[PDB]
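**Student:** This is what each chain is made of:
Number of protein chains: 2
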Amino acid sequence: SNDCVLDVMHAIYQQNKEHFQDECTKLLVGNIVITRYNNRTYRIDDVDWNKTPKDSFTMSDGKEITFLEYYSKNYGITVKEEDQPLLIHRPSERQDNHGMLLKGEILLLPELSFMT
Amino acid sequence: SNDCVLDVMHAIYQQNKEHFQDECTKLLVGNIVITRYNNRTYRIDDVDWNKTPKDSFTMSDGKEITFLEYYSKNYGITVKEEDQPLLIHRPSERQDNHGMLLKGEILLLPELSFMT
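Protein sequence lines correspond, in order, to chains A and A'. A prime marks a further copy of an entry chain.
The authors' numbering puts the first residue of the first sequence at 386, with every later residue one more than the last.
The authors' numbering puts the first residue of the second sequence at 386, with every later residue one more than the last.
Each statement offered as a hint is correct.
Here are the simulated DSS-like cross-link-like pairs (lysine-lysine), alpha carbons at most 30 Å apart as the crow flies: (1) A'/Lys465 with A/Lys465; (2) A'/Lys436 with A/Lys465; (3) A'/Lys402 with A/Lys465; (4) A'/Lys439 with A'/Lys458; (5) A/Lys439 with A/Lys402; (6) A/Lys488 with A/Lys439; (7) A'/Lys402 with A/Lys411; (8) A'/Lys488 with A'/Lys439; (9) A'/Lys402 with A/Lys402; (10) A'/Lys439 with A/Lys465; (11) A'/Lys439 with A'/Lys402.
In case anyone wonders, no lab produced these hints; they're calculated from the structure.
Construct all of the structure, not just a fragment, from the sequences and the given hints.
**Tutor:** Shown next, in the form of structure tokens:
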């Protein structure tokens, strides 16, 4: 059926990629992980596929820093896979304020998380 | 089950990616495409997922050139998607020489190929 091949390989791609992501979340969301570099423990609520260790976050005074730097400075850890998604853990009284959010959101790297 | 999360997301990834590729070939291999930039027509025998327009090929005297340059110089075409696979078309009397190959192999970009 007349149509650019790449464009077809793009549609097909999406349909598959999406099934892949929906399969990791359906397997991770709900379970408990251990950040081994600090013996802590969190329960995954979501996976953020649109973020990556190259992205940055904003500390208290506004200063921004990429997850890559944050981990080598605070933990002396060199993140290998700079293309992994971020694991999301949400606290217990996060939204509350009818609309606006309170507590932020905890972001872990799959590379440093281990299952149980 | 105790195991690094990323490593799990890697296995799961493969199993999916592979299904994706096996789905494009199972849909392209056998069909006829039209390189619109020259009204030619070929029958896809394979898709080479391990190659990309950034790879190069060797002309008659050995001189190497990337598909990206080859297309802007010979056709004045600027390839957008530098991450697409290469479509493979094999001729009719290619191997012959009990072992060694004769005629090479024709490589088309999905971005420039259209189906029928």
